[PDB]
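So you can see what is in the structure, the chains are spelled out below.
There are 4 protein chains.
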Amino acid sequence: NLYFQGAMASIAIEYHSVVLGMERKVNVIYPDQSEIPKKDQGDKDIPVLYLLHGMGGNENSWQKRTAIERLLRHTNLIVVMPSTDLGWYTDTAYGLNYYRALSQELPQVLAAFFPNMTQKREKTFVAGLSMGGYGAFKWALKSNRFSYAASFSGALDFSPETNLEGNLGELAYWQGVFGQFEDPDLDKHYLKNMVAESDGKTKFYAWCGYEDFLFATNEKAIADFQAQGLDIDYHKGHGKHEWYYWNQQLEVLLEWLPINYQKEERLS
Amino acid sequence: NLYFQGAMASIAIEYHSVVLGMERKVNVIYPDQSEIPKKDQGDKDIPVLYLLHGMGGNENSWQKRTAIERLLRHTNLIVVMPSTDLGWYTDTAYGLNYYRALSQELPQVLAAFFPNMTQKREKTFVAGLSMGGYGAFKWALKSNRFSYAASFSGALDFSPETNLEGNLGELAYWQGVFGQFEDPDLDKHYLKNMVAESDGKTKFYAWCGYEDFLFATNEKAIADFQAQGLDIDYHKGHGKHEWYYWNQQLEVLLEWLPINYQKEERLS
Amino acid sequence: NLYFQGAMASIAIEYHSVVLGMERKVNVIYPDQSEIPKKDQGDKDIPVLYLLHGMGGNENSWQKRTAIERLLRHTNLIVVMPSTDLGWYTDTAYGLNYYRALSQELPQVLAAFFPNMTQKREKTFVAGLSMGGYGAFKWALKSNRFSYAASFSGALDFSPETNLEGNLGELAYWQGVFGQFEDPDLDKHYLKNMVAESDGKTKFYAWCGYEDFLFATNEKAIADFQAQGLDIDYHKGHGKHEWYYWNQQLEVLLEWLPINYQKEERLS
Amino acid sequence: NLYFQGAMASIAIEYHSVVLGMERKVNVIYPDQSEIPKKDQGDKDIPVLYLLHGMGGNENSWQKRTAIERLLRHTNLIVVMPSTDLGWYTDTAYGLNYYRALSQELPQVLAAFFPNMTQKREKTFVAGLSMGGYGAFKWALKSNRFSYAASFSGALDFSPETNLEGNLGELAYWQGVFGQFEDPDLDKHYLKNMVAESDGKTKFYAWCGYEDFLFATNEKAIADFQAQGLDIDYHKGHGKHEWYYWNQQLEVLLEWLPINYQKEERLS
Ligand SMILES: O=C([O-])C(=O)[O-]
Ligand SMILES: O=C([O-])C(=O)[O-]
Ligand SMILES: O=C([O-])C(=O)[O-]
Ligand SMILES: O=C([O-])C(=O)[O-]
Ligand SMILES: [Zn+2]
Ligand SMILES: [Zn+2]
Ligand SMILES: [Zn+2]
Ligand SMILES: [Zn+2]
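Residue numbers (my numbering), protein chains in the order written: chain P, 1 to 268; chain B, 269 to 536; chain F, 537 to 804; chain L, 805 to 1072.
Since the hints were derived computationally from the structure, they do not count as laboratory data. There could be a bad hint or two in this list.
To be verified - Some chain B residues flagged as far from chain F (calculated, every beta-carbon gap over 10 Å): (1) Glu390; (2) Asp453; (3) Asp501.
Said to hold, decoys possible - Restricting the straight-line Cα-Cα distance to at most 35 Å, the calculated cross-link-like pairs of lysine-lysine (DSBU-like) are: (4) L/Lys1005 with B/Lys312; (5) B/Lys388 with L/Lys924; (6) F/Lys561 with F/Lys737; (7) P/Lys44 with F/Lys737; (8) L/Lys848 with F/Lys776; (9) L/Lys1044 with F/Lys575; (10) L/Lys1067 with F/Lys799; (11) F/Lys678 with F/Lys737; (12) P/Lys44 with F/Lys656; (13) L/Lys1024 with F/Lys799; (14) B/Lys469 with B/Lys531; (15) P/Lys25 with L/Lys992; (16) F/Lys724 with B/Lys293; (17) P/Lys263 with P/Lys44; (18) P/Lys25 with F/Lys656; (19) F/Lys574 with P/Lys44; (20) L/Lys843 with B/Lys312; (21) F/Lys799 with L/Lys1044; (22) L/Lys1040 with F/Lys776; (23) F/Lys574 with L/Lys1040; (24) B/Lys531 with P/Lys240; (25) F/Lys561 with P/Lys25; (26) B/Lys410 with F/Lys561; (27) P/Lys25 with F/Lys575; (28) F/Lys561 with P/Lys38; (29) B/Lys531 with P/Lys220.
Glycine included, C-beta positions come from ideal geometry on N, C-alpha and C.
Taking the hints into account, I'd like the entire structure generated from these sequences.
So this is what it looks like as structure tokens:
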């Protein structure tokens, strides 16, 4: 017609997690064969971005707060939106092994459903905002699964002192996630303590807004990462802890990744 | 926490349409009691915008192609996203009474589920893009239900000559929607022929991009509407038949409507 | 725990149909690796049942009206639930090519998403109820894609005389689906006229309740099929045009198909 | 047509929980105005059943494992399916206040969306299976909101000794839900300790299968309830910890409740 136009496929999966012992939800956007560049048709090695949500969000957050499905509609990229509830992408002290579920089970589930997604590091990426920025860097440092990793307004440094002081949720919550604050192993949850064992083959990007409550956290964390020689680029701009800025950062991410992003025309 | 933030409620309804004789889907976004201005808490007369999709879309289109759920999250507005398949919001010649289903049944269904939505014209609005711009103006002209109506890149004028010539879909399709092209009643589907009987108490807005295939259609249609004294404001800018521009127009619409839109802060 | 138990994966897909020129929905239930018999783990040739809905239904009908997701949870079977609106799995006279979309596009879409589903006739099955029984037999007769095909209370014979006489919907509806009733090609829609060209390598099953308004239709249709030597088994019982009986027939179907159905224990 | 038939409306709601500080999902089935008995049309006091899931389930469990949407389609009943993750409908020791969210917030959310649901005890009911049987009895004992409450294979008695011994999940899990096992307040989670303060105006029903791992638990719990004079009827049959039996018990529940259940005809 001229009236007709493509769309990515939108897939919502509910599956049984053996790790968590419960039904879990994951959303997947999958490229539109009729709209990607000609060369990409039939691909058996499609690149994949895992995009992680913030505290209070879920598998719908990115899709509803950005117009990601519109942005990517001409691009050869699978995007996976997992859920972690309020568990920080962490195996918690109350027995929910969210990190194991994210890092070990989810990729196996997806591969089993979707053999044509890439299994290559050079085509596997992660990013997230807020709690999801912590999750993205944690997963990339520990797993060496990703070529590129990004944090937007991430909680990239913390301590008991900062978590609680009880402006950021109460003690029982934080100790449920990370263990008791007197446990000498608490520090294993600190991203700075995970750099040494990572392989140094992941590119990192971090952003934070000047006005964000986590701006000081990011300044401190990046300084510590840079001291250890992490391959990181850090940027800042005016902004707060809000989804408009996360949308902007998604659009920066899409150009940074090696995905041949087909940016929509904008005449106004 | 400072980490926590609200969200609108997102409601997906599947219901039995007696008019269409089938299960139908409608999405509704409903304002977050914890985030709207104080005065709006407990409202029993909440304003409502019906937002109509384009050819090939459905009840998910606006939500996935704009970040409407983010934009409206501090605003006291219900938004309803109906579906019409490829039926043009029209009672078709193949027996699917989509116009009756939209104009008569859907509002009764919604009121029955949601008694706290407004029943007032001064708080009831419609808009749509492409086919949905035709639908929005048709519904507003015929029903007098709305105070404000908006069309974005709408198919606001047409004839056999323009539909088909077969660049815009084939004959059987168009005649299925509007009837045989030799029927002397074809012209009842033309928006210009619906102005006389409307009550003149609806404000109209139309937009079209210069580069759009429907730019000439809109120029012609608005000239005809203005000749009949319709209360319409018409604007144009650079743009094509694409969702980025429809997102921009949604943001213009939200300020135009009498809804006390709480626009998100944008520091960059 | 003993408290934990598996579930099939439930997948909801929205995809762009090039054939129909619109976003379409298809549901897929996919076997639980942790619950199927040991031997089936890792299968790259998983059997597939397409299950078609009735007039007024959609891709959710089977899942919500039967407890299919519970019944199949130990069985190595993919089940696909397509949607055809009110189009009878037919390329209609108003330009919606539902048959092409079902028979050609949908299998290619699914294979592209899900390479581990079978591509073998011996592991590919179809069934449906009411309109979906017509669709199941039509698709199996025309395509030779299936080893087994089943109709439950199907509209397996019809004419203008029976459609309309206007007890079963009005003329414009029926002629929109099948063309004008005076067209000499109307009879190409009759299943009896499709037997000659089918390959005779599909097993057919049909059921109808004695009290159903289509009981006479089924008696006539099966007699005509049996006259042509179709490989069909036909059964009847007390019942009407209702989902309880369709649930019962699903359970009969699951034993008939060569799928090694792992029937749940029922101690009461 | 005779081909057309009604359906209940199926509503999926995602809403912001202030209590939990996260987006939460609740499903609602709402009666079909065209199919309920004549007298019920226009009701502003529609009865409501809350139906709670088991460990590992969610808001979709009842709908997918029973054909509840089919069973209730002629009946004037709203059914609400909440989610509690693995939190036992309890304000947990890791800071997720699931009980407050269920008992205080959810009813206010639903009333705000759906003013025509009843606010009367005589028309408000709860039931659940496994963990959800514990939840149903807990909520009914504490709140006095319900006239009728039902448990199917519920975990109605427990201790450290039985939880763990580590056949039923590990220590960290159970202590995350209920607190440390040495806390003298552990016993506040025991349903037997909640009877004294309840008002004695709720009717209780419990079922358990003989072969279920919780059969001894139910025998013990009911004996303790009967010693305290609770108004309870307890039944047992052959069965295990499986959804087929929960489906059977749902069908018993529907006749027990004062809802004028319109049971589907079953001629076979
Ligand atoms: O966004 C813009 O300014 C553009 O690219 O036209
Ligand atoms: O969008 C902008 O330029 C703004 O408002 O900062
Ligand atoms: O359904 C039955 O009767 C059984 O198998 O126990
Ligand atoms: O289920 C049955 O046996 C019946 O009621 O026909
Ligand atoms: Zn830089
Ligand atoms: Zn103007
Ligand atoms: Zn037989
Ligand atoms: Zn009894």
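**OP:** Sort out which numbered hints this structure fails and list those numbers smallest first.
**Re:** none
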